[PDB]
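Shown next as C-alpha cells: one chain only, the form deposited without the named molecule.
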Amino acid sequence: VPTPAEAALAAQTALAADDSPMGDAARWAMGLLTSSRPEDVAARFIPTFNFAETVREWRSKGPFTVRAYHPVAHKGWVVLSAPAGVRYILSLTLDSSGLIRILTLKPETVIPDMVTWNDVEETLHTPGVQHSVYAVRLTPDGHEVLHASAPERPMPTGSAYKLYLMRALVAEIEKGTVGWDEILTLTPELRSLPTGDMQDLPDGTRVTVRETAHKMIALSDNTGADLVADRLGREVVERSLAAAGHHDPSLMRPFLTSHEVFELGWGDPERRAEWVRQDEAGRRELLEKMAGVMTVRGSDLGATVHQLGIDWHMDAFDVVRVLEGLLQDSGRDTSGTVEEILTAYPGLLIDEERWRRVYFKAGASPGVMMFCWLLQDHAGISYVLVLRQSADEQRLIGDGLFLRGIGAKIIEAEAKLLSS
C-alpha cells in the first residue's frame, strides 16, 4: 500500500507523464493554478465556451500540491491540497477532441474506505435526500442480494433511460428493421443539450447508428440518444420496455427524449403546468406540439422537475434487469458491436485483472443522481451495483462525485462487499 508521500509523488509523476487528452488538459488547467491570455483559453475550450475572474479566485486559494490524479477517458479529477490541509478537487470533462467542456475547482468530496455495507449507508445518508443502494450477484437461478436499501422505490434516474433505449435498438437490429451502418442525420430539431458532443456537429451531419449508439452510452450523449429515439420511434421504444425489464412501463410513458425533458422541464411554465394536469393522451399531444428547435439553454436549468414526472423513473430491480438483459444482448451479438458500445466507458479506473467486463451508466438531472455498474469477473461471475439519489434541492446532491466515489470505494472493496 502506498503511503501518503508515495501516493502524492505517484500522482504527480503520472500527471506529468500522461500523454493523453486528459493529461494535456489536466496539465494546462494545473498551469492556470500554479503559474503567474484570452486566445489561449479560447483554444483549449469547446468553441461555444468571466473566466479570468474565476481563475483569479481559484489561484487565491493556493498554493496547490497534487495529491491524487484520476484520469478516466473524457473525465478526470485531480485532488489538491492548499495551505493548512484544506483540500480541493479540480474536475475536467472533455469533448471528443480533448477540448475542455467543464472545468471546476471545488471543496474536496470526502469518501472513506468502506469495510461494511453499513459504512456505505451511513456515509451516503443525507437529510432531505432519498437514496437507494442495491448490490446483487447474478446466478443461473436468480439474484443473490448482497445489500439493499429501498430498491423497490421508483426514483428518477436521468440517462439510465439510455439503457432501455439501447435494448430497444438491439431488439430492432435483431428484427432487421434498423442496421448498425444505417445513416442518421442531425437536424436543428434533433439537436439536444450536453451531456454529449454530437450537438456540436453541423446541421446535416450524417452518422451511423453504431457510432450514434456508442456516443449515446459512452458519452451519455443526449443528442445521440434523441437521434436513436427518433429513428426507432416513441411507440417502438415504449412497447419494448416490459420485455427489456421495466416493472411498470406507465411510469415512463410518454417515454421522453432528453430534448423533451429539457424543453418541458425548464421552458414555458404554463406548458409545464399543462403536463402536470394532463393524462397520457394530453401529454403526447403536448409533446407533439412542442416539437421543434430547442429554446431552453444550459443556463436555464436549475429547479427540480423530476417530481412532476419530467425524468425517467424506475426502481433498482429495473436497472438490474436492463443491465442483465444487455449482458444477454451482448452475448447473442457475435459481431461484438453491442459489447464495444457497452464497455467503452466504465466510469472508473477498473482492475482489468479482476474484471473481464464492466458496463456502466450514469444519470443526472436537477435533484437526481445515479450510477450503476455491471461487473463480471474472468470466471463469469457477474455483480450489479445500483446507486440512486433524489432531492427537492440540487445542492443536497451536488455534482455526483460523491455518489460515484462511493461506487468506486465499493468496487475497490469488492472482496469485502461483493465477492466475500
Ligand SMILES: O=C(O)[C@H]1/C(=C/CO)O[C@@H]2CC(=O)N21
Second form
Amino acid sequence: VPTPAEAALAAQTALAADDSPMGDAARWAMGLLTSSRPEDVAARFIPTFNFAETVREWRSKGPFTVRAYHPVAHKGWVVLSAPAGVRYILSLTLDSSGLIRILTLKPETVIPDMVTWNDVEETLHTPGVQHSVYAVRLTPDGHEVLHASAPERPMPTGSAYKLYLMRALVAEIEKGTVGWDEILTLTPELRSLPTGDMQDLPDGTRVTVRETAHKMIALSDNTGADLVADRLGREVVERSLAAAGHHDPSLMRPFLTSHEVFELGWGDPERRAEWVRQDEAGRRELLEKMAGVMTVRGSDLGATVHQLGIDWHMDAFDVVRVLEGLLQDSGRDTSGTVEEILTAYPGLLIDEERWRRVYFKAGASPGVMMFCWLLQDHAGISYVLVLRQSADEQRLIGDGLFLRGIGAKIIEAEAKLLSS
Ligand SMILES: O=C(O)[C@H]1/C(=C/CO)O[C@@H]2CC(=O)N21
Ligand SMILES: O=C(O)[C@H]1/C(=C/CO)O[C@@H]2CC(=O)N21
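Cool, the form deposited without the named molecule is there; where's the form solved in complex with the named molecule?
Following is the full complex, with the preceding chain placed first.
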C-alpha cells in the first residue's frame, strides 16, 4: 500500500510515461506551470477557446510538485502541492482529438477514505445543499438497499436524462423504425452547447445514429443528444418514460432538449416567466415558437433554473430503474452495440479484475450535480450507486469533483460498503 513518497513518485513517472491524448495535454499544462507564447497555446486548445494573465496567476502559486495523477479518458486530474503544504488540483477536459476544452487550477478537493456509510453522509453534507445517496444490490426478486438518504426526493439530474434518451433509442431500434447506421445531419438549429464535441462539426456533417449515441453517452454530448431527440421525436422520447422506469413522467413533460434548457434557462427572462406560469399545453406551444438557432452562449449560464422545472427531474429509484433497464437492453442486443456505448467511459479508473462491466453517467447544470454507476462483477452481481446534489447557488456545489470523488471512494471501498 503506497506510502506518500511512493505514490507521488508513481504519479510523476506515470504522467511522464502516459502516451495518450490526456498524457500529452497534462504534460503540456504542467509545463506552463513549471517553466520560465500565443501560437503554442492556440494550437493546444479547441479553436473556439486573458489566458496569459491566468497562467501568470497560476504560476505565482508555485513551485508545484506532482502528488497524484488521475487520467480518465477525456477527463484528467493532477494533484499538486505548492509551498507550505497547500494543495491544488489541475483539471483537464479534452475534445475528441485531444485539444483542451477546459483547464482549471483550483484549491484541492479533499475526500477522505470511507469506512462507513455515515462517513459518506457526514463528508457530503453541506448547509444549503440538498443531497441524496442511494446504493443497492440488484437481485432476481428486487433490490437490496445498502444505504439510502432521500432516494424518494425528486431532484434535477441534468444529463442523466440521456439515459432515458438511450432507452427510447434502443426501443425504436428494436422496432426497426431507426437503424444504427442511419445518417443524422447536423444543422444550425440542432447545435447545442458543451458538454460534448459534436457542436464543433460543420453544418451539414453526416453522422451515424451509432456514433451520435456513443458521443451522447460517453462524452455527455448535448448536440449528439439533441440529434437523437430530433430523430426520435419528443412524443416517442416521452411515450417511452413510463416503460423505461420513471415514477411521475409529468415531471419531464415536455421532455426538454439540452438546447431548450440552455435557451429557456438563460435567454429572454420574459419567455422564462411565460414557462413558469404556463400549463403543459402552453409550454409545448412556447417550445415550438422558440425553435431555431441558439442565442444563449456558455458565458450566459450561471443562475439556477432547475427550481422552475428547466432541467430533468427524477428520484433515485428512477435512476436505478433506467440503469437496470439498460443492462437488460444491452443483454438483448447480441450485436454488442449498446454495450459498447454504455461501457466506453466509466467516469473513474476501474478495477477490471473485480468489475466485468461498469455503466456511468454524470449530470450537471447550475445548482445541480449527479453521478451514477452500475457495477457488475464477474459472477454477475450488480450494484447501482446514485449520488445527487441540488442547491440555489452554484458555488455551494462546485465543479463536481467532490461528488465524483465521493463515488470513487465508495467504489474503492466496495468490499466494506457494497458487497460486505
Ligand atoms: O461526463 C462527466 O464526467 C462530466 C459531466 C457531464 C454532464 O454534463 O458532469 C460532471 C462534472 C464533470 O466534469 N462531469
Ligand atoms: O481516486 C480518487 O480518489 C478520485 C480523485 C481524487 C482527487 O484527489 O481523482 C479521481 C477522479 C475521481 O473521482 N478520483
